[PDB]
Structures are given as structure tokens and as C-alpha cells.
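This is the structure I want to talk about, given as C-alpha cells.
As you look at this complex, bear in mind that one protein chain is not there, while each of the others sits in place.
As written, the chains take the letters A and B, and residue 1 is the first residue of each chain.
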Amino acid sequence: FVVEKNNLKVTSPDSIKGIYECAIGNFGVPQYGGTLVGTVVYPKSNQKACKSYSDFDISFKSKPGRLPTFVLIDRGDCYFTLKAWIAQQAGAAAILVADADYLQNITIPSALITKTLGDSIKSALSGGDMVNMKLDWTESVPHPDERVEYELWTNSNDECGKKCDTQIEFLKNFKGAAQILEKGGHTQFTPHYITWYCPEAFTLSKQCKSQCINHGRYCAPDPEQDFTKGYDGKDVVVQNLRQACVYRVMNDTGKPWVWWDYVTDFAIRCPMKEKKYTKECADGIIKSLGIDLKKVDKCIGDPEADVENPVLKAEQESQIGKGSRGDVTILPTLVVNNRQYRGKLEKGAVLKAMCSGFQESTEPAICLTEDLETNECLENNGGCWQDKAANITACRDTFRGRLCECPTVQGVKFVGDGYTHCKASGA
Amino acid sequence: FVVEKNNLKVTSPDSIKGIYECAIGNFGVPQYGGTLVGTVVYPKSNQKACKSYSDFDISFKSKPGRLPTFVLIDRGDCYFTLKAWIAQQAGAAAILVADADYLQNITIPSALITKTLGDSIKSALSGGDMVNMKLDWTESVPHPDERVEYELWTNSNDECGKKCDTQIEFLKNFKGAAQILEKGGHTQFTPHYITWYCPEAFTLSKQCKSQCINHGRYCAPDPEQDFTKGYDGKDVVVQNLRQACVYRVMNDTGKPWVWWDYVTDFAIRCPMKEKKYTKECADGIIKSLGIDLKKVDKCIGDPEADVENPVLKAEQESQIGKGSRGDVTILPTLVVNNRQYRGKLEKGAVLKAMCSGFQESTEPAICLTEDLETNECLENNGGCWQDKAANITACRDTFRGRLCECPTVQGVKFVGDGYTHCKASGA
Partner (left out) sequence: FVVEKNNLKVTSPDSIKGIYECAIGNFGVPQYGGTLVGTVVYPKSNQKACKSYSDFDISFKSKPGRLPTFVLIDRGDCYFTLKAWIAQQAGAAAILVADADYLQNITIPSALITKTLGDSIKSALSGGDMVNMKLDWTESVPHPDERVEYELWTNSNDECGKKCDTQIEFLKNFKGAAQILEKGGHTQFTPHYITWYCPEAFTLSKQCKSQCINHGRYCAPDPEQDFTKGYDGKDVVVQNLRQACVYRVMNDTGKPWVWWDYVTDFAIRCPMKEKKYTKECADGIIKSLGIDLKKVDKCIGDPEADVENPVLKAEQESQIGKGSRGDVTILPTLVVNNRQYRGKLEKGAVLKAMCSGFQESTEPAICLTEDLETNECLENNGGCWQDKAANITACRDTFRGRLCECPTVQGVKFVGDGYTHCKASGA
């Protein structure tokens, strides 16, 4: 029963022409936003609408060019759903109510009104004035209890081998659908990372010291971080922790989907081979996306202090499956509705697995079409380089998410990184 | 039983080599266009093909490199379908017939021939001449009784608010599929518009005069046409009426799908804010698309005369649902197969709703793929600006319909409207 004011306006009986608030039951109103104009009829008998309108020889069927009929029902003796159904049978187009099987078959809008408003219409009608109406509504937003819960156990490191390229490859291919699903209000996505604690046997180890932040509490998941690259296993732990804090901070602000733009831009902009697996590189992206560094940095804490890290401790506890899902033990792991996905990690494969969690004709568009696009360049140029003076930008929005790439203007492919400096090349 | 001449040609017994007309039963011929060459065998017994060929020790199975066998059956005593099945069992590749369950399992082409032709083959054969054949056919066109009926109740006005943008947004996204579906012969689409008549109480009203054409018979559906824009509710009624007449005129000429190119080009080219919601603007598009203005203008009539408007009167009568569909009372309303669609107004959502009205493997391509394109630029450059002297055009064909947009040539994005003037810009 969603309440809006602009929904119910009163086309003139000019003495009471106005915009009133109502309460519309979710039944009888279609998925798409629409508008319904009509006029009000208040029956002299069967005013509860609990007995069948046919029994009284009352009918509401319209002639052509005639306004559809809004029946004024008084509440009592039976539910609104029955009032709406009874009215619908008699030929009503809507129902204005003043102050468990057939439910699917109710298709006329139902609105509750004030007694003070209902009385106005009744007297306006009794004087002889046509009381016309107008009833808008927006397209259906999914109920939050109906949204699919998926979760991803990933690793941010890139200097792995095949196993890390495939992961970052998935994040890039799914980013578009991931964002559309969640911005549309169909999915609760939570990313997770995996860390182990140092056994007492190897506390103050040479190994545990290059692997573990916070005095051994959280250590790098794979015991081969090829320190030859110059980056210890503990550097990975910190970077992952930053990603999780990027998520928490963005989730608290109502925009979790920005994680996808962080971890992909991190992959692009902060490579290990070029010695950019750094705080300063990550913090660059935090400016670009416009995330709160003070909050992210505070979430990360002091990875050198003999203290716990609530986020990293919660992740170690999330890895133990509760209820029916098992413990997460494989990197990566996709979980959809507290059940571990064991299929191919392809967008096509993963999307089918989730769209089965939707009810038919509650299916998001992203399930039925690839003709879609993220809407991220409308905010802050998506964090990519632009040039307001020349109307050019490096921001492009794609079925696979938002991209910062140096634009080709007047045939000239600009050269640069697209997040900070694009410029014209040569001939 | 489709009749074609070029379908049946007679590879030479040179005395009767020629191109004859036939009559092919729809059974035994596949969906795709193909060609079948063989040679004719006329059995001495079981010539009705009503008893089983096996009973007579007659068989038609071929050796390799050998031409497939065309059995010459005489009509009588049983249906063609049985003749074709009997022959098929014995090993026939086709059947030439001279002058309710197994039917699915018939897969060899069946053709009826003249007695004068059948006798020619029989004598040619009796002299000893191989009578070879060739049998072409085109891909299957859907039977018109099998096509899906959808209908859309829309509004052409644009200065509404959110509700009008979403509608015009749908027309633009669906235009490609809308056109492909109908040009392919799978859908009968009819657009509709909604108008109310002025009550006797408010005849000669100040309001009814700015809302209603034809002396009150047809009035603007929403009673807020924000006359501040300078355009009365009656201006909308006329524009909608023009759109419906664009449809009727184009439907009468066998090209209804041009409505989609009209209403989208109207949206683009005739905006209300720029004071282009005008006859002269609309008539511009009628030239571009090459529609008959004399017929469209005659359909619109004299919206100032005390007379009815058959199209607008038929629309007011179409709004009252007949049979099982209800009265259309919401703008917009999509109806598919005389049942009101109540889902999201997305292409993906709407296309699933219609492709369920097709039989499996009668499914149009547009149901199974997004790798498609309208074919509108082959006619008159789709009504967009071109430049024959430079091979450039503003016409582009898209999965979302035909677009007139100023081309980027040698890297130079041309500037203009793409329907009437494109030109080179600056540096």
C-alpha cells in the first residue's frame, strides 16, 4: 500500500479541484508506470461492495467516448481486495474506498481516501457535479525482500598466473550486468576476500612476517606471492582490505556498485609489474571515484598494530558457511542465494544462475537483453579525464561497465591513460 | 498447396525438357528454401500408392552417386498425404501425383502435376528416357492466420513530464523489433489513441473549447495540457489524429511499419519547447517518409466542422473492449492477442510476451537474436539527408530502427539535423 500525493489529483468539480494523498494497494496496478483518468459514481446501495453488484442490477459498463467509472466504496464488512474484485466484475475501472486465491485476477487500481475527502466528493456529487479524477503511478520497483543475494570471493592481486587473469577478466566482463542488476534494485551483492591467521608455531616467523598484517591475524591466502616482484604477501592483504573497505564505505552511502569501478580501475591503473601496487596509486582511484578516503583509511586501520581488524575478522568468519551453504574454500567462489555456484565463471553462465531466482515477469531487463548500458558517466564524468572547454571526454558507458579511454576526436586517437591525461598524438 | 511455375523444371529428356507449374503441399517441405534434383520412376503396380509398397517388393533406396527417386503416383483411393508417406517409407525422395496423426512424420516434397504433363513423363519413360527433375522452393513465409496481434495505446505529446518521455523512449527502443516483426510477416500491429467527448454540461465551455476538436466530439485525454507551452489540448488531439491517419494511409498501401518512422521522427523533429508542434513540421516528415499528404489530410478532415471524424470515432469505440479483453483505461496500454499486457514496458519484457504467441520453431529470428537490423535505408535513403555526389548519407540502420544522423566523414563529425541539412563543421 504505497502512499503518494501526486498520484491522486481531482480533475475539476472546480470547488474541490486539487491534489490529494491516497493509499494504493499493489494489486490491480500494472508493472509499467501509467495514468488513469475517470469519473466517480457513488452507488446508493451495496455501498460496502461486499455483496455482488449484479444482485442489485447495478452496472458500470461504459459507452464510447465516456470517462471510465470510479466507484466510491465505503470500507467495512470485507477486505479491499474483495471490494476491488466485486467492482471490477460490475465493470469498474477503479475504486475509491473512503473512511486467498482469486487475488491474481484483480486488475483495476484501488485507492484509499480520507473520510474528509470522501465526504467532499459525496456532497459535490449530490449537488450534481461530475467528479472526475486522475491517477498516476510509476513503474514497479522490486520489493527488497525479492532481490537476489549473490556474493563473490575474489582476489585483487594480478601477478598470479592464469588464475588471477581469469578473475580480473570476470570482474571486467560482469561489471556492466553487476551494476545494472544492483542499481535496478534486483540484487544484493557483497564481495569477500580470504585470509588465514598465523599458527602459534610460526608466530614471529620470517614467513609470517612477510605474509601477515596486524601481528599475524590476517595472512595472504596463497603461500606463493612471488616476493621477486617486490611485493610481500602482506602487501596483498592490505590491498584486499582496502577493496573491502571501499565496498563498506560505498555500501554505507547507498552506492555499493562503485566497488566494481574501483577494482577494475585498480586492475588497470595499479599494476604490479610497473610497481604501482601502492597506497598512493589506490588513493588516486579513491579521488577519481570520489570515495571518502578518511572513512576508507579509518576502516583499514593500522595494519601494523597488535589489534584486530573488524572487517578482516568478519571476512574470516564469513568464510565459515552457516546454515546450508558450506565453508568457502576455493578461490574464487560465487555464492547465489546462500548456495555455492559450481558452474563456469562466464557472464552468460552466471546470469542464467541468478535470473532463475526471479519470478517470471519479475525478470529484470538484463536477463532478457544485451542491448543495455551503465549510466555512470552522468556522475562526475565517471571519474575519467575530460575537457569541458572542448566538450570531449574519456568516459564511455558500455554493456560491460564504464570505461575511461582517450577519445578519438576529428579522427585523431588521443594518447594517454584516460583517467588523468589525454592529449593529441602525431601524424 | 502453393502453386509456382519456376518451382518445377524438367531436367532433360530433351523432348520434354521444360519449366512446368505444379502444386506443392506444405507438408514434406522444410522451412528453408532449397532445391531437390532427382529422376522419375513409375511403378507398374501399387500406382495409387494406397497399399504399402513393401507388400509388392517395390523399393526406391538409392546407391551412391545415384539421383534420388521421384515416384509417379496416380491420384485416387487415398489422400496425397498417405501417398507421400507410403512413398517415403519405401525410400522415395519426392512424389509426383498425376491427374490425422502421422502427418508430422512426412518429410519428402509432394507435387501435383497435369495429366497432360504426367502422360508426357509416362511415354518419355516408356521409350526409355531418364526423366530427371529439379524442384526449387523459397523459405517459409508465415501463414497470416498465425501472426501475433499486438496493439499500442500511446500519446504523441512530449511536454508531459516523466510519463511522456518513457513512452517516446519505448517507441524508439522498440522500433527496430516492431518493424522486423511486421515486415517479416509475424505481427499485425495497430496503434491507437484515446479521446473523450465533451459532456453536454460543459459544451461551449472555455475548457472544452481549448481541449476538443470537431465541436466537442474528441478531446485531449489528460486534463492538464499545460497551455503555458502555447499548445492547447486540442492541438494534441489533432496531432494524434494525424498519426493515426499516417498509420491508416500507410496500412492501406501495405507498409504500416512506417508509422514507427513517423512517430519517432515527429518526436525528434517537432518538439513542443521549440514551438514545432505544428502542421508544417509534421507535413515535413510526411514528405521525408514519402507518405501521401492528400490522403492523410483527407483522413484528418476538418477538425473545426460540426461533423464526426470516422477514425477518431472508431478509436473511441475501440477503447471499449469487446469479448474478453477489458476497456482500455490506462495510458499507455499494450494489448497482445486481445489480452492487456501488464508487465514492464521494456523491449526485452515485451518481446518475451509476444514470442510465446509463436509455435516453437516457428519463432521469428528477432526472438532468438539481437544481431539484427532494419532494412529502411534501401528505400529513399530512409528519408534522411544524403549527398549522392559524395556517396555520403545520414541514413543508418540499427537494431533500434532507422536513424538520420549527420555522418562523420574523414573524421569530421558533420553538424546538422540529418533529415534536411548536414554540413562540415570547424577545427
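Rule of thumb we're sticking to: a residue touches a chain if its C-beta (ideal position, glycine included) is under 8 Å from a C-beta of that chain, and two chains touch if they have at least 3 such contacts.
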Residue among A:50, A:351, A:365 or A:392 that touches the chain left out of view: A:351
Contact with the hidden chain (one of A:100, A:201 or A:204): A:201
Identified contact with the non-displayed chain, of B:16, B:23, B:37 or B:125: B:37
Residues from chain B at the interface with the omitted partner, ascending: 11-12, 30-38, 62-68, 93-94, 107, 130, 132, 134, 136, 138-140, 361, 363, 365, 367-371, 408, 410-412
Contact footprint on chain A, counting only the chain that is left out: 162-163, 166, 173, 195-197, 199, 201, 217-218, 221-224, 313, 316-317, 319-320, 326-327, 329-333, 340-349, 351-352, 370, 399-400, 410-413, 427
